[PDB]
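What follows is a single chain, given as structure tokens, in the form solved without the DNA.
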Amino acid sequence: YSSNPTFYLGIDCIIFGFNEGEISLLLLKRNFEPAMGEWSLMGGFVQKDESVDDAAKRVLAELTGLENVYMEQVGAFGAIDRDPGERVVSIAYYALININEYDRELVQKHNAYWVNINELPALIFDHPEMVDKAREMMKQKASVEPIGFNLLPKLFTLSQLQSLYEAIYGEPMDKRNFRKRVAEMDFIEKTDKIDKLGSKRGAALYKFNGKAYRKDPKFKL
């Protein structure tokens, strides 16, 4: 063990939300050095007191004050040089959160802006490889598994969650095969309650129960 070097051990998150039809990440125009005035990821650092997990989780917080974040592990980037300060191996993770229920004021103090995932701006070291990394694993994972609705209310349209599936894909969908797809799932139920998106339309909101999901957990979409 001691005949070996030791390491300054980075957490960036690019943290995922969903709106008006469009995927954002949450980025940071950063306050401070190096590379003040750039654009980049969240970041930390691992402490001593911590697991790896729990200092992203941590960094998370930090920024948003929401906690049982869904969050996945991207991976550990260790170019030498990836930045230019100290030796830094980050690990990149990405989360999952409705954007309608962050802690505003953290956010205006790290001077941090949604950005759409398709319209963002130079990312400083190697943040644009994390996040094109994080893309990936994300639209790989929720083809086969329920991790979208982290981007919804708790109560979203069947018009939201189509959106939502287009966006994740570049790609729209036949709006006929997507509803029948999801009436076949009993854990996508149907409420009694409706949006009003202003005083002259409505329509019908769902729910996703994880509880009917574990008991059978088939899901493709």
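Numbering follows the first chain given and starts at 1. Definition used throughout: the rigid core is the maximal C-alpha set that superposes within 1.5 Å between two forms. First, how it differs from the form deposited with the DNA bound.
- The two forms, fitted on the rigid core, differ between these two forms by less than 2 Å at the CA of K211.
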Contents of the next structure:
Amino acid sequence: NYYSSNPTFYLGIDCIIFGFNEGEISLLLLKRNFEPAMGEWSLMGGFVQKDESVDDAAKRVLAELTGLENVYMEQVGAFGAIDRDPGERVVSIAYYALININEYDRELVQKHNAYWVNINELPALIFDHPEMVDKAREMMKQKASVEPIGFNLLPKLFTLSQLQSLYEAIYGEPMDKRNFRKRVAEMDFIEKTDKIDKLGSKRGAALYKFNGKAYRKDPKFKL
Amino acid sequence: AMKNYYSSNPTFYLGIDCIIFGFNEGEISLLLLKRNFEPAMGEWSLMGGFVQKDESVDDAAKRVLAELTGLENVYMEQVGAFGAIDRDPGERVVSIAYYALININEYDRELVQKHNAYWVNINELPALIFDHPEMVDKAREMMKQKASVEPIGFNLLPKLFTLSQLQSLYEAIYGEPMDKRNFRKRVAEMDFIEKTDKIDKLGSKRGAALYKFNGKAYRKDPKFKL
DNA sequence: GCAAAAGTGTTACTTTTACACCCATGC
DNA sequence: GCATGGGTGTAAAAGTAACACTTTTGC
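Having seen the form solved without the DNA, please provide the structure of the form deposited with the DNA bound.
All chains and molecules follow, beginning with the one already shown.
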């Protein structure tokens, strides 16, 4: 009964869920069909529970909405402005997540009333969610340059143009193809399969995969 | 929403934990407690506390730092929320950790002594309780990155300092030696790092020129790299 | 006079950027 | 036969890293 004299708080959880399609990055967002702030756009969220760690609670939430587990997640931070939720004192912890937009479970998404939304065409979001999104992007952008988290946003196989397209999207500017492909050339953990994609191009481009094993053997990364 | 949207969920203790950096005579140190009270009485740990009803989390951090050091307006960064279940054996506490850069020469000895705290060289840390070492590792990692791309280092130095002090600081932060000539080239280009007419004698035979960080000048164009 | 820290430029090397045309294929 | 994205190399520029000796002055 040492910590007895201190108050206790609601720990919220909020998820910035990145996805990528057709050269553009989107966030999966809720168009709330429940109170508070019903009708308004927000992040997917929840509340830490007694039997779970904060990190798991995040995983839970993410899975309740997307169906996915074993997802790349990063903690964005604790947000504990006093009036950040008008209703009650909630300190929410925020995580971001990179998922593959093809692989999520639509039933669960439909039911939460959530929609993918281009990240530069974003509605106003409730509470301190825009603050959270901003910090999230900042971080993801940073980490994506020095670690291969990008590949979580693409499927297993992909074309150097899809890749380039993505990296162009994350950073918000185009880049020279010949240079880009050269850097990729020397990253051995980005491996050319003997497969080809026919549906993306007339000539059809060679598909590549990310090789976790090879990466860890020599974790150099630059784009 | 309802009373029940919230109250159906449980509530937790929110702890605060401070990694406090200082710099002296070429080496970086943390300010740590030799704990006067339980839990873990007698063991080493970070300075800590609990968020209260009437304060933001950031405020809570600022307060804690002030309680120990007497310092306000300190450079502080949030490291992260630590909320494994059994991180604190006695009870469920989710702890938000922050780091702080301060002038090891300008703090309140009387408060430090009241909390039984001591400066410890960062490469010679004792075993810290609970998940504090995890917290310290992350703090160091972040602070090192941040300091390569923003001028936070100057909070660890006094107002006037020599370019060898500054070099020493950076050699400490990155934990590796660097070239004097190259290092001073970089600093030449930072116009917000200003040479004063003042001179230090305490530190050397010849005596080196004292420099200054001009923040106003920095925020005019925030370019920084060394 | 020598120990001990201050101060000062040039050159090789590495990295980054700019840039334009042919290829294979499906329609 | 043409329209579409796939694929390729080279040179100039910028940036980074390696490198030694002279200056001051307190002891």
